[PDB]
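Peer 1: For reference, the chains in residue letters:
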Amino acid sequence: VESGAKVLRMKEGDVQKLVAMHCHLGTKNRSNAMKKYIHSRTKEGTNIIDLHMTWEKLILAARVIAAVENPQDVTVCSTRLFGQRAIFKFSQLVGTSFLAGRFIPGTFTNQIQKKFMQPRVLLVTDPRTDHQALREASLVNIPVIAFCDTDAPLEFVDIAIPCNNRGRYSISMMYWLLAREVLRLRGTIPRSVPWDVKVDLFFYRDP
Amino acid sequence: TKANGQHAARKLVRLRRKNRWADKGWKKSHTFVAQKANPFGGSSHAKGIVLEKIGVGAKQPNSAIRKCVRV
Amino acid sequence: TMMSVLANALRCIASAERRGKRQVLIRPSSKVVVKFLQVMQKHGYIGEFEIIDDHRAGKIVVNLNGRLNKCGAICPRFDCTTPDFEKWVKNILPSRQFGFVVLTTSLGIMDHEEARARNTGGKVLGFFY
Amino acid sequence: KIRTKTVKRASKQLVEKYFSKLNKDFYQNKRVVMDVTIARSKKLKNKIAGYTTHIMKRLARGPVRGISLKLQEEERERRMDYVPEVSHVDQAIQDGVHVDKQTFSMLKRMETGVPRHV
Amino acid sequence: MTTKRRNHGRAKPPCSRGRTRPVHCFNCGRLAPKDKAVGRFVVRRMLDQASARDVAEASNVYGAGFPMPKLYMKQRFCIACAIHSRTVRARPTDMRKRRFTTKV
Amino acid sequence: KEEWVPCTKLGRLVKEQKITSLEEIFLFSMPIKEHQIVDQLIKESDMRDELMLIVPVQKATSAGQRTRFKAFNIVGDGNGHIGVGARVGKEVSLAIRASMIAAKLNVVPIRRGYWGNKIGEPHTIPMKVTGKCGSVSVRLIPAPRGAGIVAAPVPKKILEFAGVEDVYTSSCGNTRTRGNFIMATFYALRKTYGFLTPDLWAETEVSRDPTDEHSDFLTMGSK
Amino acid sequence: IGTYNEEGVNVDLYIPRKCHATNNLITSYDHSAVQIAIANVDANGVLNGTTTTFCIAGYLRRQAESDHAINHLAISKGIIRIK
RNA sequence: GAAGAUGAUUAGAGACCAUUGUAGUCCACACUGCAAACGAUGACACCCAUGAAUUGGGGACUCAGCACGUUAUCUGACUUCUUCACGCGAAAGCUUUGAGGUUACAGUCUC
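Residue numbers (the entry's author numbering), protein chains in the order written: chain f, 4 to 210; chain M, 2 to 72; chain e, 2 to 130; chain k, 58 to 175; chain T, 1 to 104; chain d, 37 to 259; chain g, 4 to 86.
The hints are simulated quantities; they were obtained by calculation from the structure and are not laboratory data.
Note that beta-carbon positions come from the ideal geometry of N, C-alpha and C, so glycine has one too.
Incorrect hints may have been included.
[Stated by the list, open to error] Distance condition first, Cα-Cα at most 20 angstroms in a straight line; then the derived PhoX-like pairs of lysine-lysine: (1) k/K99 to k/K62; (2) k/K165 to f/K20; (3) g/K86 to f/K9; (4) f/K39 to e/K22; (5) d/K164 to e/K71; (6) f/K9 to g/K80; (7) k/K165 to g/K86; (8) k/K127 to k/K114; (9) T/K12 to T/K36; (10) k/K114 to k/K87; (11) e/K124 to e/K91; (12) f/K46 to k/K58; (13) f/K201 to g/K80; (14) k/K99 to f/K31; (15) M/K3 to M/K19.
[Said to hold, decoys possible] The following residues of chain f were derived to be distant from chain g, with all beta-carbon distances above 12 angstroms: (16) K14; (17) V97; (18) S100; (19) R105; (20) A163; (21) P210.
Turn these sequences into a full structure, and let the hints steer you where they fit.
Peer 2: Structure follows, in structure tokens:
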């Protein structure tokens, strides 16, 4: 950003977590528009995402949700179990609205409907199957931020965070980092301590 | 399409002169077979001597009898 | 082949502009193509351009600021005159306000606006909005 | 044979608001249905009664399509609070992490550099 | 008129051949181009299961002794031919474009 | 009318004095989803509502056939706001009432420039524009002052609405299907602001949306 | 800025917004032309308040050129770090 | 196997079907130039994005310092996205392989 003291920069323990829970990898298939994000290819054929790139995307999306002073106008959406849990725990803290399970059409466009809402901003776990959401963000003038599989298209995604959406431990990490840093910039939790509660709360468990 | 060259002129001219013969709104003016065919000679009117009164039918959707004159 | 140098250049610019691209490549170079670019860069429609040398024929490269909407070519190079500035300026352009037709003269290469000023007509070259 | 959506709707609502109804006995569930409801049909009340039995008999397995208020408890059955646990284990106290040589090459060229146990 | 099929019911692409050899039918003797013609591969048994048992009883050097051979053939059919024995059928728009390649 | 309850952010603001003009809504692109947003901001004695067409449509059914009526509305201010509805209803009055709603949603502003003579306030379109619906496409050409509205009576209306008093025009293709001609002409008059001109550019500053600024009072609104 | 008279007086209803990426006029008609507002940050993680703004056109979400352009815009203003 | 012959089918039937059968079907040397000779898309040239393959060449003892395959790149051909981008078209459809870059109408030639 600047002027600034190298603030909100990747660190030892940050990296240590990401590598471990395997969100540094992508999906195996080569991209259709995310070619730049990919850093090489392994001898398992899985495309590694660059760490520096991902990190800056995350800080960016923090600046977005920091600029909404009524967090309830931002939406979170999953259609996948692995992100389901992490949504609920996030909407407690950051105070965002959400719909999870499945997106329902006409929640952002159909007037006669009691599930009607007008977001300022929208998030998604996967732009591929949350797609209905995105196409109703388009016509209401709502920007988007998504957690993009490398394979995934970027259609109707304004800003994109490269991600692995396969498995629980991948997705939980990303929501946890966002939520952390967001609360560090609003309500001023210091970055001096390690953050208060665990990533294990954001893991899907089954009831 | 067409030719945009500087000296292309003669090809354009000869093209038009050919394709106006595919117009019937050119023939009707310039050709004197049309004039000949017309029973007035292309004049506004003409006079004639009445021969016989001829009753003439009508086409299928409107059935009527029409009064006509063989001149 | 190509029978107009200008046509080869300014169909790369137009297409690129409609895709919003911020640089374009141009396959040939001529003394003429230079002058055309120069005009538009003064009036503010182009950032910069480079001419690169292969020592056979150069490859121009241009930086678009996205301020153009079209750059055409009037191919037969028809004769325009001191009265007939009016004619062209109406017929091929969307306006008289910001339409720029570019012409050739003995004097050099210039806008219609400057052509009228020095009172010389000539053969037309290209146009832009 | 097949029952209507009026039946199934009303019976679902009942099983959410009442756990007085809990039986597989037609007879008990009938008498508590009819007194709590105004529906003014014998048919609808007997249907609804038999549906509430059908619900409970299926709940003996577990999965139903019914509606219950049991969801309250099933939600806070999720206790994921453990002292590090999976968090710092994965970060390796000495538990180890090993990963591709491309990953290695990336890490050491970062400003952060490699973290320990990798 | 209207381009009902892009490939025109052929495995022949535009601007390559424009001529592929005719091939007879094993039904009606009709000729059509090879690419148009409707290929199938049969793998026809020489005994029903019911009879296979009975013959394998009387066998010693065969059946149990060696697995029974089958008659293999390629069958190239006409369009009309195929449709009438209902081994090819009309499909909705979305499905007509699908192919399964040369695999079964 | 009957008492009105906004379900739209915009709607709330408009019912208050917060958004006081169309311009604010337009300038930071936002859809108008309630026709009541137009009526409140732009007072009656500026608005006009004409019915450009009413026609029967028929849908085939075994034995007797059901019928319906298509109709168009056109709407706007002579100060440079226009908007064209079209809708369908099974009776006359239905489709009429419906049209006027849709019309007031579809409202779009109009840029008017000059021909190269500057006096008074704009009398002329700023440039040539085209619009196309079906095979018809219209070419609006800017005219000198005192030209009048040189077009057919169908577009003459549509141009009068948009504050254009000096124009020269021609159409192409099949123009004798009325409906297509209307939509065409309207898409033309949009395309003005869709075209970049030197006079406009200066890297003009943006500022916060009315929605964002007023977020607090929308929260209070929800309560 | 905008059309003027010979008297220098503005005649326009409004002057439309700029899309910084392509330098093209954002229409009222385009509702996919989103205004993204990021909140700046200083040392000690304190928000300066919303200051900077981007505007993206609706012709950049019809093929998703959006992400690409946002980066070039950001990186130039020092918001996003590159090595 | 046209023509012809015979038997059926049928109210009538060289019919469609069945059994036959001449010209023809083949080759050489002459003519004919009449096809849905179609991609119903004239020829040359420029610009134009998404993914996975195939076909040739090139790049990183004994017909043998060889042949094949994989990774990656390139030039030349044929085409698919049954997730082809922009755009065009009345629509069906067309998409570096144009019917796109065209009322903001002009690269060149021809029928």
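Peer 1: Indicate, hint by hint, whether the structure satisfies it.
Peer 2: Against the structure, the hints come out as follows:
Only pairs whose Cα atoms come within 20 angstroms are accepted, and k/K99 paired with k/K62 is accepted, the gap being roughly 17 angstroms. Between k/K165 and f/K20 the CA atoms are separated by roughly 16 angstroms; this keeps the pair inside 20 angstroms, and the hint holds. Distance check on the hinted pair: g/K86 and f/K9 sit about 13 angstroms apart at the alpha-carbon level, within 20 angstroms; holds. Taken as a hint, the f/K39 and e/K22 pair is honoured in the structure, with Cα atoms around 18 angstroms apart against an allowance of 20 angstroms.
Between d/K164 and e/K71 the alpha-carbon distance is near 14 angstroms, which keeps this suggested pair within the 20 angstroms criterion. For the hint linking f/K9 to g/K80, the alpha-carbon distance of about 16 angstroms falls within 20 angstroms, and the restraint holds. Between the alpha carbons of k/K165 and g/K86 the distance comes to roughly 14 angstroms, so the proposed pair stays at or under 20 angstroms and holds. Distance restraint check for k/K127 and k/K114: the Cα-Cα separation of roughly 16 angstroms lies within the 20 angstroms cut-off, and the hinted pair is therefore satisfied.
Between T/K12 and T/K36 the CA atoms are separated by roughly 8 angstroms; this keeps the pair inside 20 angstroms, and the hint holds. For the suggested pair k/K114 and k/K87, the alpha carbons sit about 16 angstroms apart, so the restraint of at most 20 angstroms is met. For the suggested pair e/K124 and e/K91, the alpha carbons sit about 17 angstroms apart, so the restraint of at most 20 angstroms is met. Between f/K46 and k/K58, the direct Cα distance comes to roughly 61 angstroms. Violation of the 20 angstroms bound is thereby established for this hinted pair.
Proximity of f/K201 to g/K80 is assessed by CA-CA distance (about 35 angstroms); at most 20 angstroms being required, the pair is judged violated. Note on k/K99 and f/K31: the hinted pairing is violated, with a Cα-Cα distance of about 62 angstroms set against a maximum of 20 angstroms. Taken as a hint, the M/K3 and M/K19 pair is honoured in the structure, with Cα atoms around 15 angstroms apart against an allowance of 20 angstroms. Against the 12 angstroms criterion, f/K14 stays outside the reach of chain g, whose nearest CB is about 14 angstroms from its own CB.
Under the 12 angstroms C-beta cut-off, the non-interface status given to f/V97 relative to chain g holds; the minimum distance is some 14 angstroms. Annotated as non-interface, f/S100 keeps its C-beta farther than 12 angstroms from every C-beta of chain g; the closest such distance is 19 angstroms. Every CB of chain g lies more than 12 angstroms from the CB of f/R105, the least distance being 24 angstroms, so the non-interface label holds. With 12 angstroms as the threshold on Cβ separation, the claim that f/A163 sits away from chain g is violated: the shortest Cβ distance comes to roughly 5 angstroms.
Every C-beta of chain g lies more than 12 angstroms from that of f/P210, the closest at about 37 angstroms, which supports listing it as non-interface.
Consistency with the previously given hints fails for numbers 12, 13, 14 and 20, ordered from lowest to highest.
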